[PDB]
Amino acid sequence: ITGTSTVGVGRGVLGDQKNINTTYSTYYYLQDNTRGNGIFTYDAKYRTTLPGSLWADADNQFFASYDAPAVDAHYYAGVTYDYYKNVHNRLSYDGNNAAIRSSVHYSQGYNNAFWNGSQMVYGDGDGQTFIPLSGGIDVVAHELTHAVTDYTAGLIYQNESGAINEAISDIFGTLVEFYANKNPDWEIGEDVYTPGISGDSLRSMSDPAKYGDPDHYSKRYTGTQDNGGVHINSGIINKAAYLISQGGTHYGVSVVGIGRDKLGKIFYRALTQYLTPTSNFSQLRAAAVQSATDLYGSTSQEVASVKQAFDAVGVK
């Protein structure tokens, strides 16, 4: 919509106050003109028609319970945009400043959130398995990272390539969570999963086995469920990424940690320059080693740590 750029205030799903960029034309709309070709947040009104109505508010104050999923979808899309632009010099998910559109209140009791190829879609959850999923910055950034993947390597969503696709989204979802630096961790979805249970998550990057996911190539799932285990076998790569950043000794292999910024630079370069739609785990290792070589030199600690981490998870 055409209007004045304004700054509203509201509270997100977890009750935290934040400012949001809006546009004023009779109503205040969740339209942020400060980032690329805009960030736009819509109300699906418990239906499945997309995108729905551009979110309109009478007073630029978003403190109602019904407002909270929209506040977070809008604000965390902005954080994700800022991460990719400021850290990787990438303008929106496509690198060409595409508008970021999100719809909240999708369907009823819907325990999922997804990038659908052109926008983000957030269920409100059923209140037991999930609360509204835009409350999780890692979920928001995980799904927007699928769009980055689609516009770069094009990893296919099955078998090893699909597990890499998933892990890439968990890695950058977590790096966005740290970039905000409010309540970061190496878990996925902890803010919105199981409101009645503290200390759990959908999966752990630091210890995938906590939730029964593999932490070594020898433990990879080879069945047909979950598109060949894409959210399961992601644990193998997630563990490697955790080790690259934080270090540790895993199955007797010591890894010298190089920190989060270098992890992100290495994997971003791998994704955008070297991976292809059918890259397997071994090819990801090669891409990460080559990326670290490009950035830091073949004799660098960074290259050595990449190799150690993939060794530790059994990926040669």
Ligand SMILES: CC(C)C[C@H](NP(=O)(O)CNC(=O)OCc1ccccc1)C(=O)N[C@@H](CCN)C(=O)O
Contents of the next structure:
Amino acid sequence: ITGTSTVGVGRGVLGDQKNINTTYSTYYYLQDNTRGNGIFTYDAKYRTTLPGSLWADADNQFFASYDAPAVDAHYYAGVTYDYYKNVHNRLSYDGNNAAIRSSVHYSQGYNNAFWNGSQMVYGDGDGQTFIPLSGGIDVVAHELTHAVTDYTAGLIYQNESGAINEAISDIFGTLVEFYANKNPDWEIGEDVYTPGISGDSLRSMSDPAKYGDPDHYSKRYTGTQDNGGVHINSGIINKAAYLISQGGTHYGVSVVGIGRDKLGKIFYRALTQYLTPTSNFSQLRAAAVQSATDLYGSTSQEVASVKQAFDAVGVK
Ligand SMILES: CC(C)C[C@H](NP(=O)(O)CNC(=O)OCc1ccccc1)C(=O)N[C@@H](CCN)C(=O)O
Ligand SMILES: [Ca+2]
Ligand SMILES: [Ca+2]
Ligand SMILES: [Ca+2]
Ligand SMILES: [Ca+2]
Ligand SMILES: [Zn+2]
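Next up, the form deposited with the named molecule bound in place of the form solved without the named molecule?
To see the whole picture, the full complex is given below, headed by that same chain.
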């Protein structure tokens, strides 16, 4: 909407106060004009018709329980925009400052979040498996990263290409979580998963097997559930990424860690310059090796560690 840029204040899903960029025109709208061609957050009002209505508020204060998922979807989309722009020189998900749109309060009891081809969508959860999913910065960044993937490598959402697609979203979700630097970890979704159980998460990148996901190619899932295991076999690539960054010895193979920033540079370059819609795990290894070679040189530690990490997870 046309209006003037304003700054509201509110509370997110976990009860924390934050400022949000809004727009005033009769109402205050969740429309942040400070980033690209805007970040826009919508109320889906417990229905499934998208996007719903641009979020309107009478007083620019967002402290109601119903407001909390909107506050976080809006704010964490901004953090994710900032990560891609400041760290990777990428302007929004399309590289051309496309408007970023999110809807919250999608459906009833909906234990998921997704990119629908055009926008982000967040359930409220059922209160048992999830609370409103936009409360997780790693979740928000996971969803926006699907849009980045779709505009770049275009990885098809099935089998190995789909597991790479998933891992890319977990990797950058985690790197955004570290960028914001509030309780960062290598776990996925911990801030919104199972409010009655402490210390768990939906997936682990440091130890995927903690939640039944494979940590070696020999343990990959080969069936048809979950689009051929896209959220399962992502563990193999998540583990490789974790090892590149943090190091470790895994199934007897030692990896010298090179840190998060270099992980992110290598995988961003692989995603945007080398991967294709049908890339498999072996082709990802090759893309990561080439990316590290471009950035750091063929004889570098970074290249050697990429090879070590893929060896450790059984990907040649
Ligand atoms: C990070 C966590 C919290 C959420 C994440 N969701 P996602 O990966 O982005 C789900 N996207 C998806 O399916 O896209 C395909 C699609 C959909 C609509 C239009 C076009 C293409 C996830 O891991 N979900 C799991 C667990 C959900 N309980 C799961 O779906 O099995
Ligand atoms: Ca208000
Ligand atoms: Ca965390
Ligand atoms: Ca996390
Ligand atoms: Ca929990
Ligand atoms: Zn995903």
